[PDB]
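The chain below stands alone, shown as structure tokens; this is the form deposited in one PDB entry.
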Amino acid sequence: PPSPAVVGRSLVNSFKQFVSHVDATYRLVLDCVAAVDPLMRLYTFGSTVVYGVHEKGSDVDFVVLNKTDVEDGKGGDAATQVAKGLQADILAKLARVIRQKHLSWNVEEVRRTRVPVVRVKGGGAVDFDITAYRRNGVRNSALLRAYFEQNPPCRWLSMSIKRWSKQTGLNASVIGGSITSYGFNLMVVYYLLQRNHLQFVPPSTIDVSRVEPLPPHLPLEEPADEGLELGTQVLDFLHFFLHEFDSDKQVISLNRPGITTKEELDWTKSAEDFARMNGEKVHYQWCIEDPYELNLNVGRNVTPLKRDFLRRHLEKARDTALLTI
């Protein structure tokens, strides 16, 4: 039964190597974007914006927007087939230009998903996704960024979890995973919110017309107490999601302070039968409400099996210090 101090020491010891550049990539992509249309604008989001630092082994998330798209700072994103058609068409042209200017890059066009996207991979340190005509990503990324700016050190915690989620197979980037890194960020912020270590921020206050396309960098300071606070936070987090959060009644949400119940959202078993996403079906075993999308559960792919798995890994994590001992 390790103490918080031992867990902390292990974690800080595990990050020593990392504690020792996007402009060029941004310009490179902007060149192609301009080649398609000089009036289109390029915006950055993802972990680069949420943390304010770029982690080795992480991609970059880009979106293309028009003037009218930016001016409608608080509008929603449509879910119709027509919108996916326009998005697919412009992304096709852009992909064409990209392949023309870089022959060694691999450019994939992704279809049969809720959000069309172009995925670009290149040898070494070049990996990014590109979307079009959507604001929700930039918005929730800005929200998370603000939350973490309230309390910078907490970033460490989040980082750890993310890494852990990819080492255990929980992250949707691995065969068998069910929850994306975005969902884990939502969980971390929710936990921090219930413990009154942060103050609530209404999602409707974020304005896309007032954000930087490439926000500045945020320095990361190593812990000075050798990791005591970090270990305490990790253990308390695991305890909270093991014995305090009731997955049969409650919903992880940043839309409200306090508790949100499944009943008031009609996320019940009667609802599972009628629901049908992308032709598949949605689950309400591990519920994560999205702050901007309409009636979307971010844990829609968590089956009872993946639920059990999640519980088991949460239990094992407290003794191995997130697989560091």
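Residue numbers count along the first chain shown, from 1. Take the two forms, superpose them, and find the largest set of C-alpha atoms that agree within 1.5 Å; that set is the rigid core. Compared with the form deposited in another entry:
Only one candidate in 174, 146, 214, 242 has its Cα displaced by 2 Å or more between these two forms after core superposition: 174.
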Given for the second form:
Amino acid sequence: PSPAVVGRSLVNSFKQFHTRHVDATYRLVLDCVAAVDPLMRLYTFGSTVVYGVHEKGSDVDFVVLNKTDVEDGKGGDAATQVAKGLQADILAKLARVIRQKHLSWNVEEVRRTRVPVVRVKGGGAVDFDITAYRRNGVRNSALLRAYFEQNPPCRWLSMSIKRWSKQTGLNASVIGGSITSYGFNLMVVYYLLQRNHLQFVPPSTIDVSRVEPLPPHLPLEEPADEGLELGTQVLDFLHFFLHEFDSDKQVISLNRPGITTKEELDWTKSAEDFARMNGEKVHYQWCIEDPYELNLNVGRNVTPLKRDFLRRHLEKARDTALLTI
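Please give the other form, namely the form deposited in another entry, since only the form deposited in one PDB entry has been shown so far.
Below: the lone chain, stripped of partners and molecules.
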């Protein structure tokens, strides 16, 4: 349909959809962390931090950090077996404490993934993940927030894509999904950077030691133009990734303004046969580069097939105003 049709249908679909009771949750989690180790920092990261708002059905993501992890706010998270084991060890303790403190809460320690994470479900509002000893999660969010503070209405695009990604099952937060919401944010941001809607922010200007464990909220003004800018952006975004972005040669990347190629990173077929993250192949089919991690494809789970599925969903998205019509 037209941008006008698209944009209006999206705004319509957003009625029930700020940072209300994340304080209360952050404090419940801080309670448990203090019991493990009173000197440990707790940080919020994830959509609450990225958007400056909390959306319906979004969990809350926390990370547990040592002071020296913070004060060294420009140094990478190590890949290694030991780092991964250290995180699971600290997470195992905290999970113990949470279950003691919250008999109603399911607290699950998830190992499959690259990053050790504890998933907590307590019905209703209680929905949160906790990770440990990793500043790139907070540094990635703060980068994404830096960009969204530049042009706050771009969050509407990112949010529209995020919901869609979940409806269609592309999102890794759904069973079968393969790209996390974070990956879709990088696309939206890379996309907007390409269209000159955002101004480049060198990842290296983001200091973790300066980030607020719980940043302030960012007022979310509903679209005044009946939604026409949004529909224009949704349409243009889907276009960009079907017909402009070349996935065979290009890397969705925030590390430099302009174009990044796969050859430049050695993100090639030869690299697939040498890799195996969590015992499995990494794929360089749909390339999305993590700004702070070493050599990490946020699209390592996008098989040649899922790349086809994605491309198919992108077409259908164009024809249905992101499945709103």
